[PDB]
Amino acid sequence: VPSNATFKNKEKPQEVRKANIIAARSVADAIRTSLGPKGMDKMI
Amino acid sequence: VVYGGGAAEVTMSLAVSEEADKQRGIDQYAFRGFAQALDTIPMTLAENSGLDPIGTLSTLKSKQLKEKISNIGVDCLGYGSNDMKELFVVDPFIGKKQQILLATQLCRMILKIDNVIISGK
Amino acid sequence: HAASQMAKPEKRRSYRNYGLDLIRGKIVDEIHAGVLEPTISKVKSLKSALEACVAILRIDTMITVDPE
Amino acid sequence: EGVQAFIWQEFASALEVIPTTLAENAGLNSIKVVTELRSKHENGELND
Amino acid sequence: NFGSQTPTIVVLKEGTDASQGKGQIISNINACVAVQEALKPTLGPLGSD
Ligand SMILES: Nc1ncnc2c1ncn2[C@@H]1O[C@H](COP(=O)(O)OP(=O)(O)O)[C@@H](O)[C@H]1O
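Residue numbers (full-length UniProt numbering), protein chains in the order written: chain X, 5 to 48; chain U, 439 to 559; chain F, 481 to 490, 493 to 550; chain R, 433 to 480; chain G, 2 to 50.
It is possible that part of the hints are untrue.
[To be verified] Below, in silico cross-link-like pairs of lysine to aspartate or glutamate (EDC-like), each with a Cα-Cα straight-line distance of 16 angstroms or less:
| no. | chain 1 | residue 1 | chain 2 | residue 2 |
| --- | --- | --- | --- | --- |
| 1 | U | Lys499 | U | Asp477 |
| 2 | U | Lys504 | U | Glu456 |
| 3 | U | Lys504 | U | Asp521 |
| 4 | X | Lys12 | U | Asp552 |
| 5 | U | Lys550 | G | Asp50 |
| 6 | R | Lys464 | R | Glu448 |
| 7 | X | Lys46 | F | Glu550 |
| 8 | U | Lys501 | U | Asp465 |
| 9 | X | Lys42 | F | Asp542 |
| 10 | X | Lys12 | U | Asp490 |
| 11 | U | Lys501 | U | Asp521 |
| 12 | R | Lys464 | U | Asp465 |
| 13 | U | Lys534 | U | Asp477 |
| 14 | U | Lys499 | U | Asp521 |
| 15 | X | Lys14 | U | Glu485 |
| 16 | X | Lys42 | R | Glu456 |
| 17 | G | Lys41 | U | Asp552 |
Hints in this document: simulated from the structure, not taken from any laboratory.
Pulled out of the complex, with its shape left as it was, chain X reads as follows:
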């Protein structure tokens, strides 16, 4: 059950995908406050 089959290598892509999701959800949080009739305008 252990020690057999295969072992995962180069686990950085697992962290790269996490860094891409966290950075994308951070952008979606600022625009989330503008959703619906109760949303607010964003001055840039």
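We have chain X already, so just place chains U, F, R and G with the ligand on it with the hints.
Positioned in the frame of chain X, the structure of chains U, F, R and G with the ligand alone reads:
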């Protein structure tokens, strides 16, 4: 005394999720977050052993519902016999009891933090 | 002004068109004092002053990009 | 009965962010609304 | 008379702030309200830290 190998976290996880259905209310989602957090330790054991955390956790949860034996747990050595009684693995209960107390009481202070003032070095 | 809304019909009404006299420090009739202002000046001022406040109350987040 | 089915459980819960945001921006409690949303949308086919 | 400069005497030593005008006492109000802004969320058993 308790038996280790992830058998303690799975037994205490289903007991909390069962109370969430009876209480309901606004705290119904609070017991769900605590039940999903206890299952992270058995799922972490399956990651280092190269197993499927989904298939391993589903087997442990289905075993506790069918039978009352709490001695079934994750095997990272893969000798078979998920029963902890045959594998002799034993952990102190005073050690496992502090793991929940130190984790729950620390998160209670962290969630109360609002303003963070950090001075420059 | 508070007694002008309750002044009630019957001119004897009065209670309206009164304002502050800053020189003498008294309340006198602005018609006899010779102070009048166009009505359209009040309509365009309140509508323009509101649009300035509405646009500000609707700004949740300000984003300032540095020049390149 | 598959790992693809377990992913679909998170796909349905991910769509709940839109009605949750409507309650947060309006000041109302999201769970109190969703609790009423799940009960009314069961019998009603739509427009709720 | 000892020099063509003839400096102008300043009443207070250099570095002293100013006052009076309008808003000097208002500056003290906004200083206390800003400190109050931190202590308001800490009120009540459901408050934060
Ligand atoms: N040989 C083993 N068989 C089954 N489970 C084990 C074994 N060794 C350790 N474990 C489990 O791994 C968890 C962590 O143990 P370990 O990392 O060795 O020390 P610590 O408990 O200080 O982290 C324990 O809760 C235990 O249940």
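Exercise. Among the hints numbered above, which are violated by the structure, and what are their numbers in rising order?
Worked result: 4, 7 and 8
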